[PDB]
Amino acid sequence: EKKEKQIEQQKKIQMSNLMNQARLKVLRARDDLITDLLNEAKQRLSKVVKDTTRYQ
Amino acid sequence: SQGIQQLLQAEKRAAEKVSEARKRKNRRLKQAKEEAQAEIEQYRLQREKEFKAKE
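Which chain is which? The protein sequence lines are I and M, in order.
Under the entry's author numbering, the first residue of the first sequence is numbered 58, with each subsequent residue one higher.
Under the entry's author numbering, the first residue of the second sequence is numbered 5, with each subsequent residue one higher.
There could be a bad hint or two in this list.
To be verified - Heads up, simulated DSSO-like pairs for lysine-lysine below, C-alpha to C-alpha not over 27 Å straight-line: (1) I/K60 to M/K29; (2) M/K53 to I/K69; (3) I/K59 to M/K58; (4) M/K53 to I/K60.
The set of hints was computed from the structure by calculation and includes no laboratory data.
From just these sequences and the hints, can you work out the full model?
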């Protein structure tokens with residue numbers, strides 16, 4: 058019964074590590090989406106400063 | 005009187021036989037710890053197989 062509780066605890070720990078990594082993949086995706094918005098913004102500003110009117 | 009002597013001999017053999025039976029059965033009561041172990045090992049083996057299936 059102690060051996061059974063130990064494997065059940067290991068299963069629950071594995072389920073926890075799986076869920077915790079899953080939420081870090083989701084979070085890291087949110088940041089990567091915003092990061093690529095900021096990448097695209099920085100590129101578009103580098104285009105805008107070629108227009109001598111708005112750049113002035 | 006041979007009749008009473010023969011009866012007394014049979015009564016003595018009867019008293020001996022019941023007393024020997026008591027001693028034999030008291031020794032059997034002490035054997036319980038020897039006979040128990042094979043059942044204990046089967047329960048251990050059954051719980052081992054159950055645990056490996058649950059794993």
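To see whether the hints hold, each was checked on the structure:
1. In summary, the hint linking I/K60 to M/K29 is not supported, as the alpha carbons are separated by about 41 Å, beyond the 27 Å threshold.
2. Distance restraint check for M/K53 and I/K69: the Cα-Cα separation of roughly 22 Å lies within the 27 Å cut-off, and the hinted pair is therefore satisfied.
3. Our distance criterion of 27 Å between C-alpha atoms is met by I/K59 and M/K58, whose separation comes to about 13 Å.
4. The straight-line distance between the Cα atoms of M/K53 and I/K60 is roughly 12 Å, inside the 27 Å bound, and the hint therefore holds.
In summary, the one numbered hint that this structure violates is 1.
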